[PDB]
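A.B. asks: Residue strings, one per chain:
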Amino acid sequence: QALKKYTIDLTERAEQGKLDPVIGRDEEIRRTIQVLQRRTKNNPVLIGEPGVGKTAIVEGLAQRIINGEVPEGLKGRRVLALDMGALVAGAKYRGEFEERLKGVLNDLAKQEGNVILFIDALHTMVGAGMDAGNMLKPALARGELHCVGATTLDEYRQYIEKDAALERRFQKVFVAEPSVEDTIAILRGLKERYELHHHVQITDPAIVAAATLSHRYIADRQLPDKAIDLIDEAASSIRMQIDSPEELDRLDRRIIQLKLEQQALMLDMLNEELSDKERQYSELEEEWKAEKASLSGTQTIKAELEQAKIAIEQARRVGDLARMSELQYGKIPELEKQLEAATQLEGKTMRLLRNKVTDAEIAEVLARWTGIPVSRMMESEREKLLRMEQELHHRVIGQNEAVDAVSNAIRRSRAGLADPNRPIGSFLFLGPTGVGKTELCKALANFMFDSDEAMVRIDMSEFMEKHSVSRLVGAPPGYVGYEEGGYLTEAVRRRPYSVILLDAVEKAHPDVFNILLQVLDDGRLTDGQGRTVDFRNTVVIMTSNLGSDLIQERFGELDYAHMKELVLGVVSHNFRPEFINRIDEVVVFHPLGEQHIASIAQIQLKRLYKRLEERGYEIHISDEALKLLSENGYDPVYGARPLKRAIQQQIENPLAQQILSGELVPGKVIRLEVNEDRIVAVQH
Amino acid sequence: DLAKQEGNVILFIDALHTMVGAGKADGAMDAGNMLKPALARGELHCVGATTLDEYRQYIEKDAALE
Ligand SMILES: Nc1ncnc2c1ncn2[C@@H]1O[C@H](COP(=O)(O)OP(=O)(O)OP(O)(O)=S)[C@@H](O)[C@H]1O
Ligand SMILES: Nc1ncnc2c1ncn2[C@@H]1O[C@H](COP(=O)(O)OP(=O)(O)OP(O)(O)=S)[C@@H](O)[C@H]1O
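As given, the protein sequences belong to chains D and C, one line each in that order. In terms of PDB author numbering, the first sequence is residues 159 to 287, 293 to 407, 409 to 430, 441 to 858. In terms of PDB author numbering, the second sequence is residues 265 to 330.
Misleading hints may appear alongside valid ones.
[What the hints assert, rightly or not] With a cut-off of at most 27 Å between alpha-carbon atoms, the simulated DSS-like pairs for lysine-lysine come out as follows:
id, chain 1, residue 1, chain 2, residue 2
1, C, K268, D, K162
2, D, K233, D, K163
3, C, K300, D, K260
4, C, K268, D, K325
Honestly, the hints are just simulated from the structure, not real lab data.
Only chain D is shown next, with the shape it has when bound in the complex:
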């Protein structure tokens, strides 16, 4: 007829066990059971942030009607979830949709209030072509319909609160978003379910670490949805790593390599080596099959354990006498003890291993969701990270205080000791020009992301007027670029782990520094469209040169800390104490000596050799040429750039002059031997 075609039951799917065990939520289940049992305004709608399981509340309502802990007025009801899909999908002719909706309402009236209708996404139903606003409002008025709604907080503002005559036939059953602890409980029930499904065993410290790390690092979505996502995705990872091994991959590639080599050689010895490696391959393959058979038997017996539990729940509802004692005291202790025998057998035989989900796989799925390096240290990465100063002294020579403070900050983030209310670090680099602020920050991005300018580099010398804050926040509502956010918040909400480099910060008007007060205090920055962005995982590096005369005047015969004190007073004269209180540590650079410039000359000549060698020419140098480049490139007030433009002149002008001249032959060695006063190439 009508209530068979277009509606989907929940009480059948709560009876055949197809729905999930819904834990918690007894306050909101009780409030929905209240709102259903009134005389007017009888229809509730569930309104909450998207993800907290409004549909899960109604599925749990069906499970409590079946289990019968409801009051007597709703015992024996039927919950029919409504499908707009088929209803709209059949109506080719005019009025057929209203005919079908009228037929469904007549059969609802004929079922005489015994049916609780569940329309999820009610804002979809409100527009259907009168259509559905003017047709259910009779049954929404006279209390003969017991519709239950479920909608987002967003679409309840638009598609319902537009019209008050449809708005006040409903109730804001405001589903709260659960805290950490209720998320833990929900994950325990669904641990039971997903261990049935993905053939695994979820350790309970992985549940509490999944709850905490889902609350801390993902900030897009809403609990308890993200925690079930991390648990289910890590269980998927473990099922995949079981399903594949890698040792047999090495052995198969080795035996096919030696097989091709032996077939090419047909001294031998490789028949013997191939036979030994194929015996090793067959033994490991049989061990692989034995472990797969063991896990197969264990998960089939656990599935039979759950089928016994569903059958004993059938016996708890129905009430058979000997079936209760039979199922319980026969099936449960023997199956649980040979389950534990199979579990310790897998603890004996899993070598080749992992069939359980600890915290580490949760951390790996979290580090591949967002990008924050949460995971435990594989030893390539840990020895990579202990050599952090050794990784930065190949693109920054000198400047040890900087590399110390920076490497300290990165190490404090990767261990765990960081403060989750701040970014990792927030450095205010000072010092006169051409000593390596900007290349230190590019050295960080080259370490961390394996690319030089793969980082969010904001030029703070565009913000010389007050109205250009809005380039980085974005546009307030009802203006031009409101559809397109900022530049800072968008490119961080994409990739939460980056290095935001504020280029030469002292030029801007002080308002952008007020924006930075928000950022460096609490990692949040509400952009144009009214949403926060989690900056708790970046390294907001800000450069400057506010103490050039002071540092170039007194870095001699003054230690590091007192220099920091005196330049700290100078920056206090240029900034408000709000902003420089927020800073992690102002580190101070210093102008370069002669040997530092010699090393910089060596580095720049290395990249010049790189350029001309990928061109195809090969160049050696005399040490006297390097000494002339060191002596001409030295001056304090302009930093390490007179070295680069002296190199530019005294090599790149005559050398490019002669390479374009058709003179210098490819392949031969271009020797940069000095003249009496200059540097020139020769060819022999």
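Mind docking chain C with the ligands on chain D? Use the hints.
C.D. replies: Below, chain C with the ligands alone, put in the same frame as chain D:
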């Protein structure tokens, strides 16, 4: 016809940004309100292929399918 395959078919939508609001008219279901149930229960194995700025424009304007 994907339910009659029993999880055998990986459905590939290209331009997932397009799908939100495909058919919105006077009497419509918007094509996101017919895949929100089927995607909600995991019965469909859809694979999305969208841009990044099309993702800011089209899907995150609609959190229930985000
Ligand atoms: N308290 C809970 N107990 C058990 N499972 C829950 C709970 N909260 C959420 N879930 C699970 O979360 C998943 C989706 O929950 P839903 O409430 O259906 O999401 P939703 O409310 O439909 O969000 P939208 O905006 O409607 S898509 C299902 O797997 C539920 O079982
Ligand atoms: N300590 C250094 N080690 C290596 N290269 C350096 C060093 N200092 C400067 N350079 C070179 O000089 C350029 C970087 O100069 P920077 O010091 O970054 O200028 P800056 O730090 O922004 O100071 P200002 O604000 O520009 S005056 C690049 O070409 C580098 O190769």
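A.B. asks: Now tell me, hint by hint, if it's right for this structure.
C.D. replies: Each hint, compared with the structure:
Note on C/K268 and D/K162: the hinted pairing holds, with a Cα-Cα distance of about 20 Å set against a maximum of 27 Å. Of the supplied pair hints, the one linking D/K233 and D/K163 holds, its CA atoms being roughly 24 Å apart against a limit of 27 Å. For the proposed pair C/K300 and D/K260, the alpha carbon gap of about 25 Å is at most 27 Å, so the pair holds. For the hint linking C/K268 to D/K325, the alpha-carbon distance of about 41 Å lies beyond 27 Å, and the restraint is violated.
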